[PDB]
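Heads up, the chain below is alone and in the form deposited without the partner chain; it's given as structure tokens.
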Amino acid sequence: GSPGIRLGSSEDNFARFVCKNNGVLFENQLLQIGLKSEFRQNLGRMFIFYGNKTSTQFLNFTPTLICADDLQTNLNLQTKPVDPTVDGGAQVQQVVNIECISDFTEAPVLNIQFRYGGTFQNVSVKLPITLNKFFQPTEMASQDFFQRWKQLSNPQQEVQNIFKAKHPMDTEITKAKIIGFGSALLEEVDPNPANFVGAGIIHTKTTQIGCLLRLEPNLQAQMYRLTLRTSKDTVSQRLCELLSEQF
């Protein structure tokens, strides 16, 4: 990612919205931005809440979504303008209708410009619409998981990452993170009951990608081995990147 201290940056809290949909994305001394999202198939709906923390009304309040070049073709966002006047203490909402066209890595930017006390205020924050939001969890028999796992032939379709834990390796939190990521969490597949196995389909307008994952914790080394096997190389890569950052 970008070098330098990431505090007051456009992505301070981005990673907190990969395995959950609701919460506060950004807060400065004038404005709080909260999110609530829901996804189904290759589609989503994201509510963006703009809270005025002051006792003074904001003027010309204008939020705009920007998808940098490649991203615009892979992710279609539609929204309606928000009333530009936001009372002190009030909250205004914007609904973003989301359509995933094909797999993607970049994130949309939410740019907010407004006037406060006659001054120009300008905020830019990355919006947490990530590829895993388009998962359909797929429960299956153990034997069916193994048959599918062994159908990978393209080496590019398997991506492995052996990485240090960034958070305490708590079992229940780990389960909740996998479920929140979006795949099914399959029990009784890996013979070691301490490992985790997931399966699901990533849905896009143009292609449906079957995805299998294995997460093997190493408590004494404080490390994980994550393996993605999917029907599309770029999806294996992006999912591995996203899920690795969560543990």
Second form
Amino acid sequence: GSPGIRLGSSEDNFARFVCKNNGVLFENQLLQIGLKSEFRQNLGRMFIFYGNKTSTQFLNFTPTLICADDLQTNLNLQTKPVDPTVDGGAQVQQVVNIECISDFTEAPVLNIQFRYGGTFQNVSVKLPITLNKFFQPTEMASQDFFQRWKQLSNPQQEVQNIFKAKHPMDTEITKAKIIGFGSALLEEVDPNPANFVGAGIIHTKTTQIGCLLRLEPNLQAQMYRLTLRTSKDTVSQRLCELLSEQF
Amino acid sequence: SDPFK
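Starting from the form deposited without the partner chain, produce the coordinates for the form solved in complex with the partner chain.
Full assembly next; the chain just shown is listed first.
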């Protein structure tokens, strides 16, 4: 995507919120931005916490959400304004309500502008609202999983990515990551015990996409073969892109 | 053997 060093960028900590909903998204010497999200069906609720790290009160504290044209048609975001005055040492909360319309790839950008000590401060950070947040885990017996896996005929609906692992292959962490990703983590479906099989329905207003995922660790090459088989080619592609960056 | 193909 964007070339150049990603430090002090709009996506420094973006990847950290694909499988978890709580934590600090951004922090400079004046402001700390924390998050707490909750999702259900094709909806979500993201609490954004703005902490004033100084002994001085912030003014004109202004957070705004920015979405590209395509993203607009696939994702709907709503939020109530927060008080523009933030006491030094104080923390203020903002709630963002989410509704997924259709599968999407782009991410919303949160822009924050405010005054401190009489100076204009500007921050832009990508908000971690990703397609997987709208997963309904679907537990199912092995037999049912394979029947569904073999119902795929359109080659474009299958997307495979073979990539190098970025983190250790710590089983419980990977399980937590997959569970955190959203789908159900089906136990004992793939005869290969090292493989992870997930099944879920990506819920969007306009279409429910049945998703089956197979994550095949390659311990030696420290790579994974991720296969997404879903009822929609673009969903297969995006879920593949996202999950790929997580291991 | 492998139910994935």
